[PDB]
Amino acid sequence: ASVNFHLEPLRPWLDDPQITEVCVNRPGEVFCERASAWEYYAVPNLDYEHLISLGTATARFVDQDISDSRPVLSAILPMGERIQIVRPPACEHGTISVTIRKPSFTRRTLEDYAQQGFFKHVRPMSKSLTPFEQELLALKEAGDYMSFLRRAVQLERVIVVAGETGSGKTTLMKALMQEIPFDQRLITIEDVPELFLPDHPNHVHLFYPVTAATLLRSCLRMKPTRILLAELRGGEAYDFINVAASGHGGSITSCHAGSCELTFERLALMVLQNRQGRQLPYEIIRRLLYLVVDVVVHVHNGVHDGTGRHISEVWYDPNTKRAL
Amino acid sequence: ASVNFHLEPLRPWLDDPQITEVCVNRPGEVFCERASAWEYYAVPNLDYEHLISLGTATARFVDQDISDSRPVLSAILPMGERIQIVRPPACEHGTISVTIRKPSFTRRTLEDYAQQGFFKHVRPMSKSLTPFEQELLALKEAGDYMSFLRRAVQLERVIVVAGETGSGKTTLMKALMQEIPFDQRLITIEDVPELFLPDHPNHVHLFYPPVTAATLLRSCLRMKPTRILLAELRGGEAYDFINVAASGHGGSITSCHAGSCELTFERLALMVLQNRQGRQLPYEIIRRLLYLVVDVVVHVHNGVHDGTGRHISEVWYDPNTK
Amino acid sequence: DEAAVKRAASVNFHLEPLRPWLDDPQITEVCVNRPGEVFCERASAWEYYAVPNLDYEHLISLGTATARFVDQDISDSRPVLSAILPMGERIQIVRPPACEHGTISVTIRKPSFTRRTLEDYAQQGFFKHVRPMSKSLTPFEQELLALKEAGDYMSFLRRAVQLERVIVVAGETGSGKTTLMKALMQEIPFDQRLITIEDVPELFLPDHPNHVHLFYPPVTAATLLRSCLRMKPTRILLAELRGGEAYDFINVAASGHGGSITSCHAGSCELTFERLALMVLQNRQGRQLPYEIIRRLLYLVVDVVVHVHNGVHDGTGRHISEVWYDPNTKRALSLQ
Amino acid sequence: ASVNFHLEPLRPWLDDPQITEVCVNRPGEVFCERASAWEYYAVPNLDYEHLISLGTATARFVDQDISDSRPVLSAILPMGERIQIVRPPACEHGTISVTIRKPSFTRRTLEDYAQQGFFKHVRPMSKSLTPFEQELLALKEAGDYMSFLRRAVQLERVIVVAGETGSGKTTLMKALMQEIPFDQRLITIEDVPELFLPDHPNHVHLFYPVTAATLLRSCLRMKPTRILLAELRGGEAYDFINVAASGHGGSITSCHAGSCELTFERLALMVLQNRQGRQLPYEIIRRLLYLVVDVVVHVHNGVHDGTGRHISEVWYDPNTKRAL
Amino acid sequence: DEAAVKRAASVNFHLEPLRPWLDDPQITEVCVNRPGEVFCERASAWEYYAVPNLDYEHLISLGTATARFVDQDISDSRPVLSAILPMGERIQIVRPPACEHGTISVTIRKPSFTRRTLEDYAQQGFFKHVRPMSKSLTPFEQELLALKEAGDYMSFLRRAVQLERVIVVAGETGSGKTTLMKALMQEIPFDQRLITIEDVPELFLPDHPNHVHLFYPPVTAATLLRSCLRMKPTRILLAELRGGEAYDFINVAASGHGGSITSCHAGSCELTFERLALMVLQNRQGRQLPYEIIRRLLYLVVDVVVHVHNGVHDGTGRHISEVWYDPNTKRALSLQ
Amino acid sequence: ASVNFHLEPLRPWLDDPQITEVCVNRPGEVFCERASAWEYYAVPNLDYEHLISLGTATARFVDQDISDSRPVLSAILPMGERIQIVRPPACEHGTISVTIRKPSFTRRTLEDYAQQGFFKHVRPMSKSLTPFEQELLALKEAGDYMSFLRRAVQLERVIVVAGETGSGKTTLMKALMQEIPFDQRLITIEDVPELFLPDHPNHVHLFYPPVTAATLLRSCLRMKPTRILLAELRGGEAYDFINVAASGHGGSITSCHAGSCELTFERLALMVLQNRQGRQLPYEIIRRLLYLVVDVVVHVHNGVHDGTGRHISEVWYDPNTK
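Protein chains in written order, with my numbering: chain A, 1 to 324; chain B, 1 to 322; chain C, 1 to 336; chain D, 1 to 324; chain E, 1 to 336; chain F, 1 to 322.
Take these hints with a grain of salt, some might be off.
DEER-style ranges, computed between Cβ atoms [to be verified]:
1. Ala138/D / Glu143/C: 34 to 40 Å
2. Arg82/B / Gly315/C: 26 to 32 Å
3. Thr220/E / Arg287/A: 35 to 41 Å
4. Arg276/F / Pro281/A: 20 to 26 Å
It is worth saying that the hints were derived from the structure and are not from the lab.
Ideal Cβ placement from N, Cα and C applies to all residues, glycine included.
When you get a sec, could you build the whole thing from the sequences and use the hints?
Following this line, the structure appears as structure tokens:
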């Protein structure tokens, strides 16, 4: 009842059966998902103070605490909605991230599905690529790497930006992010603010001094279109694999590595830092990386020959992704 | 004697030798198994309050407690019946679930079994694929995926509905559940109420907010279900799921967030490694357990880029691996 | 001195009705399964004797006296007792929550006094049948193997029990495992000593006078299995393998207790071994074993797996799907 | 100085350079080793009380405590002697086991060794057995198992007595122990007193309610001719292997097992209970058992045929001990 | 507001003598290795500039001001500092216990401002030499391989350094490893930026003006290796691999810092990899790696091992026993 | 300046460029290495008290402590010299051990090395067995075990003396030590003083009663020994032993209680598994490390039964494994 009172400013979209998700990224606004598309609404009556009290109320509704020491909260609402709340240390200051995912009521028979054309698009078996994969392979083969990278982001390929320390990985990552359609929901996970999103109104900045791993798990309950982890460095690599395997595509991240092949090499080493990652045979880890990582872009300092920063290699091998 | 008193409304079925199981899913009704088939009986004088008091009496009989914080109870009654009681944090509100399994007393000699045909049906065990499996393989081969899925449910294949979050897995899972014969006993395990069963009168809804999906799966072993319907596999329960399915509980339907059919088995393995026992298993053994237990994986795709919309991208079925 | 002497005299007092069997050098084991009777092991053969002046209360008192002699308690919350008696006898006592109500189980092991030198052993023919130098081949497991390959599964199962093979009855719940297990138990010779371990009284033995029913509601199936090692059973009949006991089962069987029959919920023969292995991993010591070793232990210990299926789906009815028997892998492995 | 005072009654044998070891098994006596042979001396002035105070004095000489809670003590004496002390819980009541091992001063050149015939007895390489091994193999082949067992004990083979529960293993073990020459030093490790030694004056009974494992390690510092562990049951199996691999031969022990092959099977499982035992691949454990265990005698109940207790099998395979 | 503004102004004050380089858009890195000079990276090339009005005390003050701006301390017990300056520059500062006495090391990384879209990258030719599609074969490591097989080890070693191969100088203690390492360092082009990590000042660089000597006596060889990632060295010269640093070394090298030369006490080339693997296991994260993966990392990262032996035994004198070079296994492995 | 003061009696050798190492093993003497050869010098004014004060001064210079409970010290002097100091719990009584290693300053180009013959001796690395190895194999083959053992010590093979307790391993180990050239620097590590060296003036006796055999082995790395003589391998030190031997310290002689040569490697592996790092190594890798590091195993047998008496039963040598 204390929770339901604090959910009052969200009633229009909470009661609208056409809407599947109700998000608050910062005071004053709401983003709602209606048929897989996001809509903006200006709700001024929704102060930062209001959202802070919303958090506490929800915490007290079940065995739990909300904090500064415990900024990430998961809860189930009276009417069956799931709510994820991230507070000010773990998310951008002055903001309180809320994601409410409404229960699914849709009832169709297998016959109803049939008439919707639900069984018309099953890919039979073939090692044959999708039209999108063919397209990317052609652009690469043509040597048009700019178009390749733009299309890869549009076709929601998982992209790892690789490079030697001080290579400009973050900058390239930022360039790639500008190719993400502006109406998609983005969540950034970082330690120091760099991945700003001026053209992507529907976004949440998450911060770890709470780890990158816990934030990645938080994202699963946050309905992002893409997750943008600034950098893979240790045990999170396993969680990253897991998140991407879960269906969260279109991710862009970065990794210090001396080449494309060394990227997969170093990512494997990071997986072995996870308690679950350690249980996986090495060959399985390497297979997971290939199933999940679509593109590796390596940025090179240009020093054995004074060429300056340049891209040394772009790795893309969907034929091993198809087969394996 | 306190438990026996509360058991009195069930005497007609508890004393009938033809009956092996006596269930109460909600106040006012009883379901009984006679020769592997369930029968409904309306029992008016079996209030919600009567069942709560039944629970406490049975708890005290074994020197245990049962309330909101201890909602799952296992006990053995003095006449040898085993009783499983789930109360309403862990089961549907205003509802108590009771399952009484009666002792087996039948005596038959080796000669009795033979003349009744107990040794006549011993199959060779050729890796040549059971009539049913050939039927399912033929449908997939023909590309009749609707009939395939209907038959799979009817043939009690273990089915995992896969897809990314918000791709309609639950809805498909619900569509597949409507293909389960209406006279079968069903138990749902979920954290949000979604898997409603309007056409399956014999059912129990179990809930987890310690009570977990894993404890609820273990509870199901003592509850005589025909199928177990776990809404979603997410962590350590995957191991318990494997174990339950390996124990001979077939016809399960569940879901799993995954980016493809292979990624489903890939993610399910990672979930098994979250279990204390699952961790002891070599990865190859986990992958082998999944193949022995999981018959079908249906992957749902949102069709965003190609503008295809909501569709099935792949159906995995390989009984030549099992 | 006196304190110990006083405590020794009380035990002896309650041992009085067993005095004849306890003093006879030709008797090695002395058992009481229930009020009014004793079973004694003569030359590896059991003999029945009626002792009416040996009621329930006598045995209760016997328990407590023996407990006190070790300074322990045989209460209803501590119903299993092991002790070494004044004359050197090992005694195991199980009381009424852990054994059949209105019964006490007593097993008295007796010490040697006769086999002191190697010359003694040779005199009573201990070195006479050392003839097996452990055959790399199959003895007349080939008889069993032929019956299986001839398809006569009824004879196979009867012979397997007679030949003391370890048998696991498998099937889904409600498939009739217990009933088949009981059918198989009727094939055990009626003069053999049997001990059942169950949660629910189901494995009744009308034709096996020398038996003890043990029960678990701390007392578990595992503690009861360990207790059996100190009773002198011919076979141990654990109703069902469900968790950590699986490891104790393996160790009981590997210690030379043949002819065990048990059950396990499983969807096939292969899924039986699969599920038994998971149960082993529930044990503190089972966890230390590599998976491949657990699977090897199962194959060394488990001779036959009979899987039961309810044919209601195809309309076949109650039948056996598969009988698993592979002494050749038991062989290879044990020789590997 | 407090230690040296308590070592006074032992001066004759401590200062005798001909003697390498000075043992006290119980109040009143001393056993000394002179040229690998033991000698008895009656020393009445050496009370139980004297030995208790000897222990404490030695404990206080270094960072340590002697107890009931800490009954096993290792120390190095002022003049370089090593002393092992076991007190009343861990050793037979009313006794205090002392073993003093004197430092080695012998100086020989390689030339001195040569004239002593030190290089005359090197076994070249052959898979050929020693005369003793040939002898045992012949007795076994002849079917004379009584003579085989007697000779095995005399030839200091490591013997495991196996059997089903209630088989008479201990009794056979006791029968085998009577074949040990009466002038050899014996140490028994058990939980309940059964392995009495009326004809072996030089002995120490060790007890665990301190484990069988810690007692086995204690034996290394106690100069036994043979170690007699009543029963192998868990992790000690590894320590047993280690002790036997160390050169301590002539051991006799027991193990519940359903056959000879099941003995090695069960012993392997016990090794896996040790923290170090777990590191060994299974094949290595099985190889260690074969290198260390010479004979397995299985005692059988005689029940499939009413034959009574008998020996079912005697396992002896030195040809796999030679090769592997 | 004001507090932060006041603290921002102090840093800028001490940044004044670097103002010309900091404001020039064509300059990307700005370094101070010692009082009186700056080195700046123009187009991946270093340039020397003399700045006399930039003494030791200036740099001390610069450190403290930057520390305060992050609210930290650059003391003699905390001599390594990382910070992000007001205009976005990353700055690494090492002071006098951890670097050469009477010197401070400053490295200022500068932010982009120009490469915002993919169109920008193409304009400055970032997509021009993506031509290597990573050859499964050997480029002109075949040149090195021929020199080794021709037996011209002197040319081989010179070329290996020029070709920026990772080189480990191996040998027993007192075999002259350090001297050979110094000989090999003279083969590094004099215009490359070098950073030495040592316990003992030995790796002097008279012919390499752009260098920083780092020292470990908490500051360790490992923390210094991590510090190097934020300076902008061409190569890192760790005097000796001894323990847990081996893992950081592997990660520095795998991150794209080619041309490293180091040493290791070992009795042969094979014993080098053997000992390096043991050092990796001294690392908290190194311990998580299976042994086979550690050995694979070593092969991916270490190009050449030169083993030195003192021929006093045979009377051969100071010589090289073996040169190990196997790009074919590096290859197979990285492609495996 | 406090350390420099106490260093003044060593100035002649600390300032001589031809000298690479300056050692003090006991009061009154110095040993210096000039061109890989040791030289003795009598230094009267270098009392036991002077060396204690040297230790403390050096400790304070690096802000550490040195007494009975902290007897091993490692430091770097201001002129770049590394100094290892062991004081008399951990080393012989009335004795302090000092080792000063001087910085290497030599500059040579690739051209300088070539003309001086630094690249001329690069061997093929054929698995065909070094002249010395053939010599040793021939002696064993001829059955001349005395000459074999003498040559092995001279050729600086790592030798493990094996046998059961009280079989005379120590005595043989001492006999083998007399075959080490008298001008080589030796360091013994023991818990009871037994490995006396009357004919080896340049030596240090290290003792362990925390100080262990393992810490003492690591100390030896900074002490410039020609050979390390660990009395006995018993536990976790085995790993450090392997590591020291793999680091290029050859000519080691040690002992190990074992019932045969194969049982020696068998027991040494078990000892390695007692080390925290040793535990991470697969067993096959431990066994391989032992074979790479251990050249000879001599087994001593008491000859009790056969009445043979004290003799060598087997000599293991297999350079075709290394």
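Results of checking the hints against the structure:
no., hint, verdict
1, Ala138/D / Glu143/C: 34 to 40 Å, "holds (35 Å)"
2, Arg82/B / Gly315/C: 26 to 32 Å, "holds (29 Å)"
3, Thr220/E / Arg287/A: 35 to 41 Å, "holds (36 Å)"
4, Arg276/F / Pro281/A: 20 to 26 Å, "holds (24 Å)"
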